[PDB]
Amino acid sequence: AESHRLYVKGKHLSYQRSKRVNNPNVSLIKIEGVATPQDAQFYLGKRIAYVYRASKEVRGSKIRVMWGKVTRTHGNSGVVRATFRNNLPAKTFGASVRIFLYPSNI
Amino acid sequence: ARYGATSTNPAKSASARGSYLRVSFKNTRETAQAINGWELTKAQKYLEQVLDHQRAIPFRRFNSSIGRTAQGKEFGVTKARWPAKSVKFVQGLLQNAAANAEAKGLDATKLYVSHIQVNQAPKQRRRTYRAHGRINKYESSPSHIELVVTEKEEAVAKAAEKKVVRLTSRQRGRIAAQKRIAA
Amino acid sequence: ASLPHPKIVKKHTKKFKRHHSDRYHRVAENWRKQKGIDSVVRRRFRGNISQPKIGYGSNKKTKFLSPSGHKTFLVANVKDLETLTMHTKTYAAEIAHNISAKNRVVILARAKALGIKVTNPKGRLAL
Amino acid sequence: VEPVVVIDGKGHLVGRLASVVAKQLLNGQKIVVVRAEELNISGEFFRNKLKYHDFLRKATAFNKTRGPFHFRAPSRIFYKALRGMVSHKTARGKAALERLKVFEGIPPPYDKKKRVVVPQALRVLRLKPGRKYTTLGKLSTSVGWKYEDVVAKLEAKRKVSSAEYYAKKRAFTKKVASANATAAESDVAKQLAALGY
Amino acid sequence: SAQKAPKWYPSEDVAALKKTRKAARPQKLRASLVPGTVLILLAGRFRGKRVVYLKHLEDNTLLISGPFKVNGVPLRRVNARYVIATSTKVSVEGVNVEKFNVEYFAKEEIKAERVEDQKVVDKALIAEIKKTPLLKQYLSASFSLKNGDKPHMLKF
RNA sequence: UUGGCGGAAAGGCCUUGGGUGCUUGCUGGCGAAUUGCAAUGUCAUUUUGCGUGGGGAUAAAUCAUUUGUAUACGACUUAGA
RNA sequence: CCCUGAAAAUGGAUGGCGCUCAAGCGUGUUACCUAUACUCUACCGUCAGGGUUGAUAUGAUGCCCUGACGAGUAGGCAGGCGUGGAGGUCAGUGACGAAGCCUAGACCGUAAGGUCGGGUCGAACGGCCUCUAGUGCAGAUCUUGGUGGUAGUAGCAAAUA
RNA sequence: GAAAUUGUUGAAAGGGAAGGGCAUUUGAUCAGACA
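Protein chains in written order, with the entry's author numbering: chain f, 2 to 107; chain P, 2 to 184; chain e, 2 to 128; chain O, 3 to 199; chain E, 2 to 109, 129 to 176.
Because the hints were derived from the structure by calculation, they are not lab data.
Please note that a few of the clues may not be correct.
Unchecked claim - Computed, partial: chain f to chain E, Cβ under 10 Å:
1. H5
2. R6
3. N24
4. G34
5. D40
6. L45
All C-beta atoms in this analysis are idealised placements derived from N, C-alpha and C, irrespective of residue type, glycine included.
Hey, can you work out the whole structure from these sequences and the hints?
The following block contains the structure:
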């Protein structure tokens, strides 16, 4: 077909942060669609991957990845939390975000 | 000997120190930078045009509260002067080197200045009378001149890398599908 | 060629600079518990430097270990080398800077006849 | 939830429609408010013009320039109040403000193209009936916006060079209806509405 | 002796490990996975390739193949957690299965031992396949996440 | 390629007449494996540079000189095969 | 609750935008966010209690086990780090390059500081146990010497040329 | 033959300062580890 995608689309909103002090270790998820804490419960445990593109090729690719995962409901909305191996990079507040479907349970 | 940080083949090269020159340092800076990167033979024609308010030495760094001109305009600048004394030196060395290039047996239509630097050379103490019996200094900044005239050359070519490839077993057996399929 | 220790965690990898160092040319980066009554670094406020304190020590197990996991040891001459003989997995050597080149290769050589790793075999190599 | 997003201000509430579009934003949602001259606001027309009135005197003494610029132009306005809510003075800011355009009246690369609304920011569901309200339309005029009538002409237009897009999209879709019941009792169409559809 | 030398020189003994209490038990799978199921392989070379669950191995693995005649899907190990178990169900009455184990996949091109096992297994699948309808097709086509797709919903 | 529409930033939209593919509208037959149990598993669209090859064109400006409706100096305003 | 009463000087401040069956006021119900606080675990330290001479491996001021505590100016105590020289020691390093100096090269220590790679250089100098001191600097309108930005600037214009 | 402080060169950044903290990203640079 034309579609391949056997990830859910969705965005890097934040750091956890209080009004004036932020915590790069935790990140926040706008899963495109998911509006409640339930809807989020599905995507706990499911993996994430901010993909992006360096100029200088490594390692054989132009393309890099940081391996989430999703870990909990953040308050009302099924924003969710979202350690990653490496902390996402801020410039990323507003960047697209691959929730996957593995560590599956269906 | 022992010049600044050069970056060229000395076999096709000629150099020259004045030194302890009493011409002003902030002025000579400006003429030397203006000529830097030149085709030697043009450069001398450029400096002859200066003297001579025909065309100017564009002041870039040591240029504050200099006045402006239309001569510019040529260098994307408002502020520029005609510092004879600076030039006279700079073309007294350019003379020095094109004779220093001719006993090495370099082609005089190529040479070009590659590296030219001027420095604060040591001062020349003097003194002055200020109101109320105050003596100040009244120091002449002198200059250490030095240009490396060079035969210009072409391109390089490229050559490097050797871009060694360290990739995976998963990665091999994608590339494999690839030339098996198409190519 | 290690003794299967824990993980070598360091705590605070970054250098502890001295407050001001950047701003001054007079005030070294060498560390200085500030004594100022105004000081923002003393009153640790946010939002400045951390000051060095206990706290940051490093597990007793992995103290004084290269990453390899060996502790290094200063070896001026070959007698010197021959206390490490036994403890190759725990200790290591490092040849002193103030050795001639002819007396290095000797120590170098003496190293390997006994398994021992040195952490500066580069030294002063005529290469 | 898309790459772009064409809102039609009309029946809005600066104010509220206001946010949402700044929020969005900070979440990568290129947006493009149009029409606008037909914004809206709580409060009897008079005010607001009073309201307006100020953010006008506030100057800079010592050089009326270099000071707080009072735009007029519905657009700009919306803008502003949008803005105010997007921390500019940083980068993430800005990288925000770009994403957002804005015009009074649906020009081209949009008159095409569809548009939407923002319920939670519609007068008509916020307010209670009886409360007076505005119309950035007037407002802008009134504090001097040369161009409201040049829009209001290019409106008369495109409310047509539309309609007649329409009475043509609609005599189509209708035959498709009088040629869509011949084939459907078909076999394909009964299994279907068992799965649904 | 640049440096002196300690008194204490550690021991170089390496210890034994403490007697430990972690016995390996048998994986309890999620309940959807019954031999005779279509799966959907969520990753790998075959990401999205709808496939048929045949046997549970001991290494917890899933032995699956599509019907290689269908769809490119050979007999292959696959991990539970990279797989969506759906509803549909062939019967998997007639399949050998018992020859397949962890030693059969030992990275100790192709094998003809492995090629023959593909044909035998497939001929029993293909039969119970041609029972239902359009199923042969559903196995061929790759699964995907379209516009307005909501897994959470999407009851698999 | 026929013919039309559009200037609010048109830079797009519709339509005829052909040239030709693929057609999952229904039925088949080969191939896919070893990318070894997952690793984004790379198929977008930015701007620029260096040469082969198909059409086209064949200039100003600045300085210096000069004027004074101009002018602290730059700028301005004119003049000049 | 609104309103009048309600007048001060740059422009403007419920923090801002803005908000009107609120994003206002009063009250009630939940969910939710988040401090170096609380709970749990790791690591550091101090302090308290304990256990271990059997020779025979390495420290009995050692090796262990258990617990609770950790903010600090003035101030007190403690353990270290470094520098000049002195007794002892390693038959220590060294013209096959000591000291010094430069090094967005490495390693060690919480740190003071240590060690080493590379360059520069040319004659002496380190660990260790200990004695001893004219012993550690950012500040004193500190001293002495040097050098900046200021700046190619102020300006070099009285006495007819 | 140190620093201030200058001069080429090379790399980089810069919308009314600069510098510093935690955190990653990219660019340059390097240690060890593997046998």
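Hint-by-hint comparison with the structure:
1. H5: Check passed: Cβ of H5/f comes within 6 Å of chain E, closer than 10 Å.
2. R6: holds (4 Å)
3. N24: violated (28 Å)
4. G34: holds (6 Å)
5. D40: holds (6 Å)
6. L45: Hint on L45/f: violated, closest Cβ of chain E at ~12 Å, above 10 Å.
When held up to the earlier numbered hints, the structure conflicts with 3, 6 and fits the remainder.
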